[PDB]
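Presented as structure tokens, the chain that follows is alone, the form deposited without ligand URA.
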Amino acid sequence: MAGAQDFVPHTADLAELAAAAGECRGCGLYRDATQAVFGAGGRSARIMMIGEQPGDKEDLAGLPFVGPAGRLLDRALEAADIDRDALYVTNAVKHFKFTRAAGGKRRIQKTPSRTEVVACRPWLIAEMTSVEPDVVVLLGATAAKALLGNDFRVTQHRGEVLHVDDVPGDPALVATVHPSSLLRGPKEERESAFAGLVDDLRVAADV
């Protein structure tokens, strides 16, 4: 077995899966991170949302999407008329990957390698098989690539309803921008990008 696969227990119970992920050594990222950050939500959710990895705040909160990026996504979900009872939100990698600077106000997130994404993917498959979502929203390049291939380009397929035969349960897949990209740039570009994120979320909610 490769990566996290022998660390994943034979259960679909999300509490048991989350506990087991706390003991995962499927790649090196568990060493420096505070804790594993599993997904949040319930198995009745119809929409699954996948980001890249927990960030500085999530690493310590023990919860996904608790910082500025989470607040922007919340603003977008509200504008797309998506109830939070319908969501299961998680990340492609479950340990924060980072370095620090000397005068930074945060620990600096680093990009997971394809090896780490592939190593952690067993947790994502377990989450997908446990929740059985009707649609999976892929927030950013790392998450999209995790399920759609290392060559996939979000910018080229944003907001298209995709279906790949290798994904368990054949949910609809919708790739979109990662909310953290929307925190930067000119006001009108952020406003334009925010409306496009809402669009992609509305496509997913209409699956």
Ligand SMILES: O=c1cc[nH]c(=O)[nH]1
The other form holds:
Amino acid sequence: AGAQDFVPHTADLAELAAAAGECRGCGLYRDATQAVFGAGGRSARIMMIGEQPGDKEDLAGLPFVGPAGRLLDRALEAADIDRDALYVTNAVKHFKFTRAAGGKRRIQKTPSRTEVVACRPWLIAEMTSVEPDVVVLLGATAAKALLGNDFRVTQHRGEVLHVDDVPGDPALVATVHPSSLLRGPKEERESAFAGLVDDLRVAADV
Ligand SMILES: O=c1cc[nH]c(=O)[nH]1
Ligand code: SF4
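Could you switch over to the form deposited with ligand URA bound, since the one displayed so far is the form deposited without ligand URA?
Now the complete complex, all chains and molecules, led by this one.
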């Protein structure tokens, strides 16, 4: 099912990342430039999972390099977390997108639950490889990937979760996606930013 047969029997992240470049576990590899695997090392204590690569990531080959990534860097720095000590990845490894006439960017399209479940074997391989103490789930798609399709990020802010079907039983912390913090009225964005820093500090204190 899905990406399972494309995942090699190794925990080496370089070899996992190369294998993901050849994945056909769902249809998203066709239109994307390349797979965008996670970034960071296997000594990382904190793993962070977003939704999917965006336009910039699809061409950089690295996660969280665009506007959402700059906000996240801001939040990490405010939380006194070294981004270089984390392992950062996404629930889905190929950019799902469309373009609109007049657009200044390729527009992300939400992965279906089918695509998320298809790609999840890579996430399981990354978690097995890294053995994080805590997993930060950034946004609804990532959080649902590990916590169930009905899970609501908005109802469990600040909470340390543990689920039995997750390898290694890491602590799980689900928080707002940094893209959500990019727009809205200033006071709303500032309150939301503080809440993201709070959730990152809860994860870091596990
Ligand atoms: O890597 C990235 C970039 C933007 N949004 C995500 O969910 N992940
Ligand atoms: S999104 Fe995931 S499952 Fe689908 S082709 Fe890409 S790596 Fe494979």
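Note that the rigid core is defined as the largest set of C-alphas that superpose within 1.5 Å between two forms. Numbering follows the first chain given and starts at 1. Shifts are known only where both forms have a C-alpha.
Look at the Cα of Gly159 between the two forms with the rigid core superposed and state its shift in Å.
Shift of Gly159 at C-alpha, rigid core superposed: 1.6 Å.
What Cα shift, in Å, does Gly42 show between the two forms once the core is superposed?
With the cores aligned, its C-alpha sits 0.0 Å away.
Angstrom displacement of the CA atom of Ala86 between the two forms, core fixed
Its C-alpha position differs by 2.4 Å.
Residue ranges moving between the two forms (criterion: at least three consecutive CA positions shifted 2 angstroms or more, core aligned):
Run with every C-alpha shifted by at least 2 Å: 84 to 86, nothing else.
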